[PDB]
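The complex is shown incomplete by one protein chain, all other protein chains being positioned as in the whole.
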Amino acid sequence: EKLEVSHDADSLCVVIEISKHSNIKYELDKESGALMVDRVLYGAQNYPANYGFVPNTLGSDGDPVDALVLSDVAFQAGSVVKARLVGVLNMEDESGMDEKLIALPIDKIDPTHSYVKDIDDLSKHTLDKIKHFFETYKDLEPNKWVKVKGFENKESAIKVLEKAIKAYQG
Amino acid sequence: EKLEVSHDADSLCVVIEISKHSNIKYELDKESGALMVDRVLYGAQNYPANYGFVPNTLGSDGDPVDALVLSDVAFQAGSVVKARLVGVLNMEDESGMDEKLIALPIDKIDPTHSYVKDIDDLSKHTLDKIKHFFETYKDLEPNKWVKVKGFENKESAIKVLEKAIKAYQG
Amino acid sequence: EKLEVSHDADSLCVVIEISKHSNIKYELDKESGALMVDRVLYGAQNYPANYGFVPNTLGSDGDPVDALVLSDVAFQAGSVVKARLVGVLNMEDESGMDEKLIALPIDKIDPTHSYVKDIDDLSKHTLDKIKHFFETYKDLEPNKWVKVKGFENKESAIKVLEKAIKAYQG
Amino acid sequence: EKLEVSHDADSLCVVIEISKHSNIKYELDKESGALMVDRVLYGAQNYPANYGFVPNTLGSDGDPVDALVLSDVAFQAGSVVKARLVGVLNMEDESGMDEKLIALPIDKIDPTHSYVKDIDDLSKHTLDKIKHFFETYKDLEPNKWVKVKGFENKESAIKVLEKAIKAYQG
Amino acid sequence: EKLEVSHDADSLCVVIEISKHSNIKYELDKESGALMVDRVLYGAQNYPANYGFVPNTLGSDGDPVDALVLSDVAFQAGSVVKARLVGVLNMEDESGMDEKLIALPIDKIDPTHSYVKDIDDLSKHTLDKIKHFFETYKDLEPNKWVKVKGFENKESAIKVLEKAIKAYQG
Partner (left out) sequence: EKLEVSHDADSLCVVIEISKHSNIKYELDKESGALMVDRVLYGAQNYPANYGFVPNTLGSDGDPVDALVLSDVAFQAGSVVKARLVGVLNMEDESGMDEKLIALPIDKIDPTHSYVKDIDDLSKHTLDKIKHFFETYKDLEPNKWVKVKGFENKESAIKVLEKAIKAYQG
């Protein structure tokens, strides 16, 4: 399946593994292309946005860099969406430092938030909800935890992405 | 509207103001009978059960004692359901000590959890989810907070209810 | 609340107590106007249509004559809808002979099935689903049962309605 | 039921008759307090926001002034929400000139769009969707039509509201 | 993935890319088999039916002939459904003449509309909704438009299909 990849920070594709408002976390097994049921959120929570990963990249944890795709609608898990970066969320968990790219679907797809140029263009409310979600969505999971540092603009996200792309190429 | 009340701990009625899986907290204005939109949860959360109150009772905060109605389905806000007590959840918030009765719809209505005789019959998972919800659903709300103490069996809940009924009668 | 009633067989109003696709059966307490949670279907079923009753009428069981409002959408329980009769479903349960009027919302409201003039205009599939639902939705409920006889055209339904209206007037 | 009214442009209450994403248009019969099913949208559409009316006011068409309550969530029809004005949408239909207030729930309820101070703060996308909805949601309804003029800021909306309040008082 | 194709006008398979009531338009990348997020409807609309394409065919626009699968339920995007033709919808857009086959799932799958033998058997309401959807679902999309001509019976649809099958074979 996965063989297409576009890596432009303003036209990079994200593979949705989790849909917005969903409490079921899926994970794609690149070899089988099979959508795996990784887990069901322990608490009365649900993802604040569409969750996925950028293919052909290597993040800090050995897996392709993760990315959250913000929008009013929830994309189907297993679907792919061309998006653009606007920032990045830095946090720390039991495994180590974790980086999560903040993206929005490209305008030719969905222009509801075309006005969002950088991380600071997203409303305060949304950022707090997302940050609070990650800071607590693993509270009830034994020997698991998260400590959110904060967000960083688009320029910072591009570097995370580019570094993740090179790591996969060598 | 509200004029019917049954107060038996095994056949008391609860007025649903919030449906399960909903992130919108409603509140009934007894005088108008109008379903009021109290607030939309700040975080990416949703109620772990149906939320309502027992009419003709007076809780610690001056309002009718609150009660959570557990079940697999979500009841419509504004609807009334005959339930039975199985326990009570004790917590503390910015306003003071808060008590929330834990109930289940009576069997002639829905017998999915008829096997649940006491608080300890509910699975550990469910109790942790409910407790975690209340312990965090007000994190992002300025000058608001909650500090959950724990659960107490049915015998303890009956006393809370009976005390709440007498307080309203005098 | 309830004080408005229109009784024309082609413009009679139905008070929705159950929405289509819902497994939760509500019942309106005319005195309180409170939407009561009567029960949650024991089996893996859901109503094949919107369920309600015609106000100011007296059916065979002492309660206002029941009526099913067919349409593609599900109406909110507690809402009222002006409909027109097209037939009636005759069945027998533990309480006795039961009659359920088959109606459709008036065209100025929803004209999706304006072509349905009589019971025989509804597709075979829909009629079997509705009949099968009632014939089994009470299988798991102790000491409760249903034995569906069949459907009868519009002319037959009008007589059921008119008889139900007179019974309430005297 | 309806007896409470707050009329401050920044704390006025709206009675929701239609929930966001719903294709079923409800209408409240003030006398009965009964939620009436006015109609089901003829086309493959759904309201771009929560639709309701401000009580104790008299709009251009003889009924209480209408108002759209924008938010990410859909409020239950029949519920009441304290909101604040940010603008107004002017249009023309078969009945005459129609005015629809554009509002947002007050922050103590839902602060997702607290940053929206005036009509021009809402994204272009949202305004076009709302305008396009009204400009076409009545295309298939015989002898019915709409011709949207445009939006007007908050200062303009306040005057519409205040004029609607006085009209009801005399 | 795609290697199975049945081409009988009464047993041809359609690959669902869009589910009924959905506002998210997906598109399958035959090479990757990856479900692509093509776009989110600009207006407050949603598809009047399941949308997909017939594999191993070549339509007027160079892509496999499109087909709408009508039914009461919404099929999951990426799923395949054996259907039968009943007509075809002719329209014109910025790209040129567009043809969209009107189909229904075969009876051994879903017999709700088995009575529909030809395009004229579908209710007027449904046809107008579908036609109105296409005539306006691209209004807000810059440099894009649609001008619906009308529907044509089953005999006409078979010719469109057969012509689309031959075009792919040579």
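Labels for the chains are A, B, C, D and E, by order of writing; each one numbers its residues from 1.
As a convention for this text, a contact is a pair of C-beta atoms (placed from the backbone, for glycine too) under 8 Å apart; a residue touches a chain by one contact, two chains touch by 3 or more.
Trainee: Please identify which residue in A:9, A:15, A:77 or A:109 touches the non-displayed chain.
Mentor: Of all options in A:9, A:15, A:77 or A:109, contact with the hidden chain holds for A:77.
Trainee: Considering the complete complex, identify which of C:48, C:64 or C:87 is in touch with the unshown chain.
Mentor: C:48
Trainee: Of E:53, E:75, E:133 or E:151, which residue touches the hidden chain?
Mentor: Touches the omitted chain: E:75.
Trainee: One chain is left out of this view; which of B:6, B:11, B:95 or B:114 touches it in the full complex?
Mentor: Hidden-chain contact among the options goes to B:114.
Trainee: Mind listing the chain A residues that contact the chain we can't see here?
Mentor: Interface with the chain not displayed, on the chain A side: 23-24, 26, 29, 31-40, 42, 76-78.
Trainee: Identify the residues of chain C touching the omitted chain, counting contacts across the whole complex.
Mentor: Residues in contact with the chain left out: 42-48, 125, 128-130, 132-133, 136, 139-140.
Trainee: For chain E, which residues reach the chain that was dropped from this view?
Mentor: Interface with the chain not displayed, on the chain E side: 1-4, 16, 33, 71-73, 75-76, 78-82, 105, 108-112.
The rule is simple: only the chains that are shown with their structure count from here on.
Trainee: Please work out the Cα centroid separation of chain C and chain E, and write it as a whole number of Å.
Mentor: Centre separation, chain C to chain E: 36 Å.
Trainee: Roughly how many whole angstrom separate the Cα centroids of chain A and chain C?
Mentor: 48
Trainee: Residues of chain C touching 2+ other chains?
Mentor: 33, 72, 76, 78, 111-112
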